[PDB]
Amino acid sequence: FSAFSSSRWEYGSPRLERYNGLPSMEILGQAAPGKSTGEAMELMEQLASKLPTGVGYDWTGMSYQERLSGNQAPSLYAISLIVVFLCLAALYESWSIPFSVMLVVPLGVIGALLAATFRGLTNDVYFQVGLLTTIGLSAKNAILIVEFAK
Amino acid sequence: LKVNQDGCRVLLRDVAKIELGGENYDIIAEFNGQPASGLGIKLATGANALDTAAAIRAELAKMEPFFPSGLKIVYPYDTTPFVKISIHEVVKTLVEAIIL
Amino acid sequence: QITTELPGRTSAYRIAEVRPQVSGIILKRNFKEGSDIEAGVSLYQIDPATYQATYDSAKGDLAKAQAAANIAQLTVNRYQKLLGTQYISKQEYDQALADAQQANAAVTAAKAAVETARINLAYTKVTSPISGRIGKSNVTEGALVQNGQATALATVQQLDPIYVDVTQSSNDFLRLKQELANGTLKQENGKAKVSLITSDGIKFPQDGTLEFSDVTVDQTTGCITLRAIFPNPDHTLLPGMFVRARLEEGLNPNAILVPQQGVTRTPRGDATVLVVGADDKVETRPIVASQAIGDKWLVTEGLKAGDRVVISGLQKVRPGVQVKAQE
Amino acid sequence: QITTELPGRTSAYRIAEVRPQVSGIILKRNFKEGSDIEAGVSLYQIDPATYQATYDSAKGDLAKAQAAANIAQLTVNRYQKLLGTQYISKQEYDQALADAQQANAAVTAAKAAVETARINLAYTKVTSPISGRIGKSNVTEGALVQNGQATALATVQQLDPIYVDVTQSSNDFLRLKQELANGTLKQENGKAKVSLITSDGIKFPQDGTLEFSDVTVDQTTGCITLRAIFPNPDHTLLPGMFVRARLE
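Protein sequences appear in the order of chains J, L, E and D. Every number in the authors' numbering is 800 more than the matching position in the first sequence, counting from 1. Every number in the authors' numbering is 250 more than the matching position in the second sequence, counting from 1. Every number in the authors' numbering is 50 more than the matching position in the third sequence, counting from 1. Every number in the authors' numbering is 50 more than the matching position in the fourth sequence, counting from 1.
Hints were generated in silico from the structure; no laboratory data involved.
Just a few of them, taken from the derived set where beta-carbon distance is under 8 Å, the chain J residues facing chain E:
{"id": "1", "residue": "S802"}
{"id": "2", "residue": "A803"}
{"id": "3", "residue": "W809"}
{"id": "4", "residue": "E810"}
{"id": "5", "residue": "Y811"}
For every residue, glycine included, the Cβ atom is placed at its ideal position computed from N, Cα and C.
Bound-form chain J, shown alone:
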């Protein structure tokens, strides 16, 4: 081969990557505890200002899920409050007499909040359904109350 072959050295990465068919490199990152990853999005996207022209980026993983939406939940708590308000406006069958029991809607979050702190656990879907259990049982019991007075 040396009758005709020169040779030399250089670089080259074995594992190249392209994301959505576009030249990419894998950028993992975990945040320090106590700071949401959307704060890291605001941080690195304002550090994505420190990028040349013709450069883009992506947030995926569960950051793809939150990249779609972190929480459309408060829209559903909103229209949940709506549908609770009107359905109780049928069960009461009364104008704004239901609004009383709306006051005891937040009275189930209490030991959820504080007991979640005193044991030291944060929000997730189990926490969300914990909210659902509290409001359902609690507000249910209050409907037994206003039904008995009713």
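With chain J held as given, fit chains L, E and D onto it using these hints.
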């Protein structure tokens, strides 16, 4: 390419011509004095047009500053003035007919 | 202590072509097939009787030429005894003297006949020109050959000396010219030994004696030819095997040989190795990394023994971090 | 800030193809291959015994023409002093002169034979035509060779200087005439220097003397032989290398 025994070599083309290749050369479009690039964004099967059409307006609004000089966008064919404004128009006359 | 092994091009010491030197019927083979034939072994017999009868007849005619030349010379001597008065003629004096010149010309011509019949008479019996191993015979007994015909008889070699024409690439000769810029493993500078590696895997029981400074260059590929007469008392090695060989290890012992681990082709088209600094915060130095050698790498540039090169921890550490040494 | 590099094959400053000049059988080789050979140094030795019989045969017949020419010479010398008398007449005198002239024809053939066997005697031995480094031997000893045959004996080279043949096709012969038309390759117009890039990249310790004007145009390709006589004091720059060079 071929040589002689001395090494009287033949490089490329030397007989020929290198350029970029139109994979055909057969279509001459023209839009008002010159050709252009019309881009057929066809209907998908299950496509959901309106907000998509505004997002294609927004896609123009993604790509617009990255151009060569003189490069000019146009909606030379579009359906969405006829249909977006067919429903702005028809739904408009509809709702004001409900006013009547 | 490094050199380079390569396949060689072994080529026998002697090459000799045996051919017919005279015409005539091959009488008998006076030798054997595949035998050791020294110089002067009388190859095939052809009848010398024409040359011998012409030879002895030629010296007999020489005897008659000096006989009548001797008698006529003695009559010239009579005329020397009789040149005093007018008894002989001067024309008869120098007449018999010129006749003696003619007869002595026949004497010298007869000497050319005895000489030529002696030369061809020596050509009647063939001899081996040089020594060594012959192959097998081509001419049987009773055969008829001719002088100067295009066919040859045989070919001998010699195998206790044996050449090895070294086949070499072109560029590494330049690196051997870098050995000419070095000259340090090259000892005695015309010839020194080179270890054989022959086809059985075993080496030859003695290494060969390598010639260094031949200049025989190919005119198509640059495949260099370097003849090297080697010892072989067993005569078993043949011209064309083709065995390997390598020079005696080695050249200058100072040679920066770092293992492959810290060796970094860094950056593009370049190669540095990172050393620690003296204040433990590390300190890369670009170095000319030469050819890899073994599990290691030759470096020419800069570095010495005792330089605090690393192995392990290079990834948590960038330039500027102190370091506590370990081996 | 220095111009283009291109390849061109080197060739020897001078070769000479040693060829046989007598048909005969090769006796002893008187050299080694790849060695420094000078003009007149003996190379082979054809067996001179056939030319020894030829040589002494020619000298013996030379003595024969001296004998018969001595006879006719003495008959002229002793028919000369007595002319016009009753001793000898014009007749037998002119007989002796016919003997003398025909004797000079015999001496003429004699000097033809001695000159012939002396030039052939000279071409028994095989010596070198010119000086310089020999190539290889072709034929081994004890072998019949022919005068004027196709198989040469060897080929000496000669390298204190060394040529390079500088090939360039016609398609950029016009580009070589573009740098010629710029006049920036060609200043001294004859020979000026050009740096010498061989195979390892380590150049020759000096640049080489490039000839400019002798643009040997091919009948087919326009490929040039700029006979690029380059200094080779090392005598080891290998005519046959396909190496490159860049101009000044």
